[PDB]
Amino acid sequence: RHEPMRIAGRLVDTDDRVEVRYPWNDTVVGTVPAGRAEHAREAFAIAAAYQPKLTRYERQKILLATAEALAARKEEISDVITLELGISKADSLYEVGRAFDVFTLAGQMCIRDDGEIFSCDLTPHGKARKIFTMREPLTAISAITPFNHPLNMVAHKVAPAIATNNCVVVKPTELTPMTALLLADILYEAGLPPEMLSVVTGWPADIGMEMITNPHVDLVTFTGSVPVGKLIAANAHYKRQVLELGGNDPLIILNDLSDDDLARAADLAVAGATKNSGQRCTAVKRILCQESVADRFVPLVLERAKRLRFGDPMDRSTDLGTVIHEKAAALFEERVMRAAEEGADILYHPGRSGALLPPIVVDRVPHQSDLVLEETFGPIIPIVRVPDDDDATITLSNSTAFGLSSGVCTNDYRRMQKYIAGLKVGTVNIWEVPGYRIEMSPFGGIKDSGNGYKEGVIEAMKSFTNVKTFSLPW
């Protein structure tokens, strides 16, 4: 399958191609244009020149029709996702489900006007006057999207833009660009004025910088690696920046739990470490288990890990597909091996095959090992034994460069509140994985996980607008 760029509804092709490979067998499944700065430049010019005038009703219609099209075409879309990313169909179908929610909730948010009113006779020198508040769209939005959610991460950037009468230009990663192109087609079909969306593709070295630098761009919204995020922050000079970078999120198991609770916690740990092949910013990447319950906890985790079916992503009975590519998979295995040399205990490792990593279980992981100190973006299930002391646990949890989300399992309210207050993260989930949220709750991290702005449909809609005030004599 060869797919051209979508520039404001026009199919735009290029001589050189970028090959898209299925990580399961490293075969080419598609091709997209090796687009250049000029292509992004054109897309941005079209975006800047066009002023969306959709009514709130029209926007809701487009967004809800898009959701309906996602539901109707889910098997087809999830096929595209799996073929370029290598996650299981189970995982890619789930992703279509998320994108369906995003477009639905964005559509429903169209009916909301968060305008405020201020009375002005408030101080000795007030006036008989009212100030009113209103939102207007930007000139152009630049959206740069990651490989791990080839559909949903585009949705999270594009739906709020549409809902808010913005024009957006999307550049997906060269590893998984086809899903974005398909979504564009679906949007055009759902009635979106074509000028409001372009999807361009190419090598980072050709077209990447134009996405950061184009003079029409008022806001850059990016999800991806810390390095690339810091690079954007350094070059997107006088522009608003919404940067979501990695996480290194803990699932913390406290020593008040019964054996039944440990089993429930083990269920969360395995699912959390392993969904989407562990490729989530908010994946469980560190299981911090307090020492006194670790001996009962670890076997429960091992047992659940062994139940997971890993293999052919297109097989509907597969739980766990591949990671993004063999190089990533080999790197993750390497960190496991090194952790083991540093004192860790590999409990389950049926062996790696290419980009296919099994849900490896490792106990007694040293917290300073690369495996858990760096972000490891794969289905590793690593247990770090931590002291039966909350202060020390919290300190250890806070000791990485990251601060995105977290999960804490405990039934003791006092301890719950202590962790909620004490963890240095954007989100603390009690009795859920760090990845748990709804599409419209505020989402975003601190430290190296993000520059401190919130995402999610509602906050993104705010980010994508300028507030204008006006006052009238009253």
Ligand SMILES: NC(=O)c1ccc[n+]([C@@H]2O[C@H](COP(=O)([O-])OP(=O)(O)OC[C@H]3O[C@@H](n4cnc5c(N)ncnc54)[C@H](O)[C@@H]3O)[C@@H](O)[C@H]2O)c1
Second form
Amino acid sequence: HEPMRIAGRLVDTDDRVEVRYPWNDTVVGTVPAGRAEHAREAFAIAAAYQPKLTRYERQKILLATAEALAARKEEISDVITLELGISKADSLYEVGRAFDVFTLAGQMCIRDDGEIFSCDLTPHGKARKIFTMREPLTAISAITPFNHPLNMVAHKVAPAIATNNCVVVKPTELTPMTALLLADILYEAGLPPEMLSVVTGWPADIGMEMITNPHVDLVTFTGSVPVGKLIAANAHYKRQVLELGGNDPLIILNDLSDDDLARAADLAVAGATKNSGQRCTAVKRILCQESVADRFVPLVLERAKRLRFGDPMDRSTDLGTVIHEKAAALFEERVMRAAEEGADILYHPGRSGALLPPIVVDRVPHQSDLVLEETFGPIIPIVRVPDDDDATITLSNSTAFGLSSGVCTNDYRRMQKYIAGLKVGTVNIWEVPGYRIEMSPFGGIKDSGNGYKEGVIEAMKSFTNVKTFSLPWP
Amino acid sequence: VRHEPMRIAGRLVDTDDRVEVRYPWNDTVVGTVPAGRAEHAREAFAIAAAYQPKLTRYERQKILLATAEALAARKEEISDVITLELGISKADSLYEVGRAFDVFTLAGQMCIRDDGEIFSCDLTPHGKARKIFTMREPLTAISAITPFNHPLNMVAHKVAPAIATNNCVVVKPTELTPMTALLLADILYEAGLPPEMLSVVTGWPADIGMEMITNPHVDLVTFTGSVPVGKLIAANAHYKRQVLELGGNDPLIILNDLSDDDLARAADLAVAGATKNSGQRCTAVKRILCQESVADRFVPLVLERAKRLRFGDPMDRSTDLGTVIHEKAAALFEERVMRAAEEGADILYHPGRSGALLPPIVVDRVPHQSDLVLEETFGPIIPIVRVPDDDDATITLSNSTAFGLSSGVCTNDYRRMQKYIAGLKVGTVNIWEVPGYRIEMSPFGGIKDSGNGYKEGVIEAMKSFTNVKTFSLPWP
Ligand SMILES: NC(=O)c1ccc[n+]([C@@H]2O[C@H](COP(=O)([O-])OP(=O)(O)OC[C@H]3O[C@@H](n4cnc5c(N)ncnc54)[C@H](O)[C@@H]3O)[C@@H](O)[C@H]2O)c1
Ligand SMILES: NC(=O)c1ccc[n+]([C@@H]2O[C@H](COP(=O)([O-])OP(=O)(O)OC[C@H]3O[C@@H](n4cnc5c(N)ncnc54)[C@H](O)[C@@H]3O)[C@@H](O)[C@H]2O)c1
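Mind sharing the form solved in complex with the ligand? What's above is the form deposited without the ligand.
Complete assembly follows, chain above in first position.
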């Protein structure tokens, strides 16, 4: 049992949200069923506190947080694993990522991107200089999804501390214990408590206050398309950064050697299954050009069968469960349905509740639910595509989504064609769509996002207002 | 009376119903444009969406600089069109052609610039021998909605950076001053712009306005205008990027360290800033916050300078100050001055209004809560608010409205400049200049009710009109 953390204070309610372990379906935790008034309190505090931390101070707090994450890595990945169900291997890696996010935000504190303009540029010119500076906002509202219960929170909070913002986080009711623990880490690392609250409860009770509270200057939301478009229909006059679903391809081009196909098959299986497939930039469609597929698909199958799927707490498990059994059952149905439409299931040892094996299916029609909709689980679906780049680019672009992509090829002419032609936020050559560093620009277009970039650097910019000032300069 | 059609991707499109355009000097019809409907906007957006510009950076620069040169060659004709539908003086409308020339020149020059970035990826334990590179691509279509106060320059600020960036833009200028936008579309097509890159549609906001906000092809809405209309658009442009630049109510602050020569200089700034373009700038001086102990010396200098302004027929070359937008606007601002006087203000100079022609009224001892200075009063009123000889109290009063766009601070004391720069809740603090001072390429935009927090000006508009795409390559 864990209360809300409202500016450093433990806050409770009579009602409870239960948090269950997807492996077991047992209750492993409880948090408050928070209401509009808790968020309201959290925001009034955030609005009123004016952080004074120097850049050195902010850096100390962020670097001390990284060290605490490293020192408590097993404890934290256990909490992640117990609410989300992903393997210890995946949750320990997630802690590694959060350690990088805090570390980099800490180091970004020394950087000042101020610019200077001279004003004698036109016949209207003046002997004057204009300078820019950045300042924090009144309050930030962050709403996070279940797939990285630690790292999504780190990406929203670390840039807020680094720019002297006060943030209120509402993690998902599915995986809220990890955010609450991060809050405690932060306060113990020296964060002035009014800079961070973590509130919890049902989306119908507390969700809308996160979107409409008068003090909020910026709402930063990561989650599903429908919830994203709902928020977009309601945050009247606030900035919103909405980072929504992905459905991302790994594209295998026909110039590859057999050895290259093995390396591509390594990227395919890892891309489709890491974090149980629960990444917005997971490989969700492997688009394999006809003339190499016969060679490529048996290499994928061989690698998928090595994956050990089972008890998430076992350090030798590769693949843990998905978020719940309902999601599992749904991805299984999409497979079974793609198979009625002509797909060829090549490996499916059987679902067990929320535990899905890394099912391999070949000849997936591009228009079936499995690959046209976002399938947020460890399916490894191969879609055979024509030996023609334009048709391949057309088909890759034919869903509602556009976040990231991976292309494997050695021919530079074709690399550049895919780079220019895919309608996505990122094109990775010879990497999975999931590849990024914590500070490069990250965000999609089309239904994958409203068009703002994130990652530590862009989030820091997003979280401030630029003020200019000009001075006589004779 | 000039009757003009819409410009839809180069085609001249008329409707039978007309929007009459009146000259505020004598209230007569000088023009008509079409009462366009949702389907005109819808057609324009379908063309914009389907056209993929292929212009090289060189060809964009040629078009943009040819457009600058045609604004210069035709400045008389263009400033006549502006004055006839807005009523600002020829002096002010000629100035506005000069600014649009700078906007187009600067955008053409910015086409050579590539702000791409490179990241090495072997930074952490999760490393990789790899580089990430960034590049920018255009949007599907941009919707631009523009206000009456700069009928050319506001269209230029929205259109030039779209062209520089291979975007296609649909403009709906205000129904009060649409003729200037249509002339600029002509000039652009004739400077070599592929016509599918620009449409100008016209009509009543009840007919065509919602289509500009909600059309399925529009990636970004760029709107400049009043707070309430801006809040409506914000609320209706679901899942679109929005650049919303709304009202200002900007202070010029006179600090008590200034000598009596410095006060004469500050008075030049107050009078120019309060009255330029008939006071119709979102960054006009609309509140002169003068610290009490210098106010008795500063006010007479303001008074002397205000009485030098010639106000009259805007087409007369001897006019400095022409009309405001219409008679109703002019009456409202006079009525706010009369209300301020009943609540304690002192009207020092008021030669009388006639119709939409408001003289540069000087009022002292204006209460800071009165409507004149608390609300945005978009006319050539010169209102002095006496404030305490204390910087904390001054800053608090300056920050006490719903607005936060620009500001100006007159002082010689560095410590006090820095305190105002850091303490004023605004987008810009100009030291020893009017709030309205900027170059066409520095970041422009306000906070609070003054803007949804995105910057404009040529450089920032170019960035907001693109998507950044990243790519990464093996780099062993
Ligand atoms: N950066 C990205 O683009 C990115 C990264 C990771 C995940 N995702 C997307 O996240 C999705 C999975 O996450 P999820 O299932 O938690 O998504 P979700 O959209 O169901 O919920 C995400 C968050 O929104 C909150 N929420 C739900 N209803 C709400 C309401 N009415 N008002 C306010 N808040 C509300 C939830 O409580 C949760 O905190 C996938 O589609 C994935 O692609 C995107
Ligand atoms: N950068 C800035 O912040 C900036 C610069 C200059 C002017 N302004 C502001 O503009 C205002 C003066 O201009 P205005 O009177 O033309 O403002 P306005 O808000 O009345 O109209 C501006 C535009 O919005 C359109 N519009 C009106 N109703 C609409 C609707 N329902 N749907 C869609 N579009 C609609 C108008 O037709 C016009 O094109 C002042 O408040 C001034 O400060 C702001």
